[PDB]
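Encoded as structure tokens, the following chain is the form deposited in one PDB entry, with no partner shown.
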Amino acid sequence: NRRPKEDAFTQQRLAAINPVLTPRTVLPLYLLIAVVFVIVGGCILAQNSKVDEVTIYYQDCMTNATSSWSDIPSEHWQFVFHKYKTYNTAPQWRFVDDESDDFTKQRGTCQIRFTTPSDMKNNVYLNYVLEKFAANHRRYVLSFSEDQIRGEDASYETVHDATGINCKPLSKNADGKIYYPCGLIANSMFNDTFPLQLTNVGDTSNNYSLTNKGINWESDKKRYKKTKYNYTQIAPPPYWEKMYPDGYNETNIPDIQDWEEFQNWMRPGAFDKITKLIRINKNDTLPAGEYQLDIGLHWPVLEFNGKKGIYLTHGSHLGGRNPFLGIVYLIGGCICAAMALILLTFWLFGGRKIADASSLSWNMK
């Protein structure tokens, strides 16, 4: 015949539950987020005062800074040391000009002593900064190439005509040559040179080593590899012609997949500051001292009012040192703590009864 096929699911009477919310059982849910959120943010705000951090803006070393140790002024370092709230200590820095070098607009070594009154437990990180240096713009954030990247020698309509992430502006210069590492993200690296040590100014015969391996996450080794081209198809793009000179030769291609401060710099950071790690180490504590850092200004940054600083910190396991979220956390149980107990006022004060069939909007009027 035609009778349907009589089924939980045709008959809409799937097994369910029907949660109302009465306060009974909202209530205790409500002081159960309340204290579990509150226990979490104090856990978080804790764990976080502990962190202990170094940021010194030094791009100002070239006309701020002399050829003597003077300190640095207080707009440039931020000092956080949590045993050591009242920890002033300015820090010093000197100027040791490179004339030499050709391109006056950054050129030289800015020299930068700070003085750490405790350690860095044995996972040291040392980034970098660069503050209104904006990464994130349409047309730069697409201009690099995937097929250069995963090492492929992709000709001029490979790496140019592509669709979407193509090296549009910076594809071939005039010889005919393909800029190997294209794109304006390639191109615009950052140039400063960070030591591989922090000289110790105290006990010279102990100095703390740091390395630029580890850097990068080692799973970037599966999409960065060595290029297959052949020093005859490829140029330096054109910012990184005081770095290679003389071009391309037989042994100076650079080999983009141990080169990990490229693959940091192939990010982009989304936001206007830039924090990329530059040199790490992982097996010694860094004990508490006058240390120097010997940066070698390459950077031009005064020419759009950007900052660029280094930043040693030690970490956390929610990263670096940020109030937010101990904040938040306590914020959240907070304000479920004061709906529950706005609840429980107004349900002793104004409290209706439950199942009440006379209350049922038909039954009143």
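Positions refer to the first chain, counted from 1. Between two forms, the rigid core is defined as the largest C-alpha subset superposing within 1.5 Å. What changes on going to the form deposited in another entry:
- Shift analysis on the rigid core between the two forms singles out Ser100 from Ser100, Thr163, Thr251, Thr86 (C-alpha displacement of 2 Å or more).
- Positional change of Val20 between the two forms stays under 2 Å at the C-alpha, relative to the superposed core.
- In the core-superposed comparison between the two forms, the C-alpha atom of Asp203 has shifted by at least 2 angstroms.
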Second form
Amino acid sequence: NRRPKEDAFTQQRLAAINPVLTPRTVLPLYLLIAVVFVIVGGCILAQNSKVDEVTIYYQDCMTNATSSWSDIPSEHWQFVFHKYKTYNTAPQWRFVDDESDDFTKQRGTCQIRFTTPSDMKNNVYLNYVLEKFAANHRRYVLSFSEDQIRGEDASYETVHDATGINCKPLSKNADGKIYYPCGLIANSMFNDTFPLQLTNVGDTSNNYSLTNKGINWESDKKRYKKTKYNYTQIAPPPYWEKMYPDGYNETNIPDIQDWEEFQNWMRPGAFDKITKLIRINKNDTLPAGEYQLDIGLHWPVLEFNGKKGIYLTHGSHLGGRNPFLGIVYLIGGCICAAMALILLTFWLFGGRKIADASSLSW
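I've shown you the form deposited in one PDB entry. Could you give me the structure of the form deposited in another entry?
Partners and other molecules have been left off, which leaves just the chain.
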């Protein structure tokens, strides 16, 4: 028989619910989304108002600082403490010296002394902020070698003309030596020397120790591996030529499986502001007191009017003190309560009966 198969699928008789949006269904749907997003938006802004932070910019420390403790002008520092909303004791810097044998564009330690009238609770993160540095251009973010990130002995014709991500401007110097971290990303790192202890001046000389371990994800040690080059076929990239002034010896090959400041830098940030984690202390509490960190300046920004900074915070569950994410639940709960009163004032002063108003009969 050529009769087709009647199986409630070819007959299009699947089980369905057929929703009709009458104003006894979607008017409770609007006051339900309203009483969720207003209450969640109150529970985010109660959390995201208790987050404290410290931001100090120090790009104008070589030029606009003296050799004595002078207060930072207010265009650089900003810090927010919730227990002390009116707090205006400004931090003070001290530029140590032009230490007289360097590259004379940024040099010398920039000592910065601030005051914290709170308790940065358990995980005290120390980032660094970088404004107006473009790490999201086209040729920049595509210049590294993934086989050298993974630690292989790639040839010249494996880092240069690979498809997609190759280190095209930076692959050899003059002498056949492949640059071992190749590309514009690894060549152009951040190399200020941050301290490993906030110097507890004034109070007791019991320091606050900051470690640089655990600074990145501990699952990054599967694509980052130590290399197997022969210390005679590699040379440092041309902006690393003040850290390895003779070249690579038998010992100074950088273990990029363990050197985790480099692992933060090799993910290029997406926008024109860059905050990368560089110091941490998961052990102790940062109590109230006047601290001092001393940054050794090495990385120049004033030839393109960029910024360098310090970002000392305990975080949150949603990140840091970004007040957007709790405002927009209040807006999404007030619009869903506005558009439920627009459609209930119009419905009473207005409205329909719910059958036989067709244009078919009209």
